[PDB]
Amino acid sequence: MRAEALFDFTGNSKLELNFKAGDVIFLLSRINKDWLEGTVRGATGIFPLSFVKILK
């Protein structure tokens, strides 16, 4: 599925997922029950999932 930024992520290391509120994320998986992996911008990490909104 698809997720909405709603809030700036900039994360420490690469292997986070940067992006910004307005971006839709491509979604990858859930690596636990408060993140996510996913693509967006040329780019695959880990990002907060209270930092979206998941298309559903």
Given for the second form:
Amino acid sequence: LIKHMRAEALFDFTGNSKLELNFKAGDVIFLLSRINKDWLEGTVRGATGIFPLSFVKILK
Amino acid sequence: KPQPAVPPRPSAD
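Switch from the form deposited without its partner chain to the form solved in complex with its partner chain and print that structure.
Below is the whole assembly, all chains and molecules, this chain first.
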């Protein structure tokens, strides 16, 4: 699993199921894995799930 | 700013 990497949400994201990670613009998401070209997996707000790469920017 | 479109979800159907 990925360690020490984070992304910041650029927009709010409300998922379609509990497999998807909900967040608000500005939230910092702790990255865990990459699902495919368009989706990442991470944790924020106590939950773990998938979300779109296009909704975040990777932090330095 | 408007939210971008959501990419197709992973699937096997």
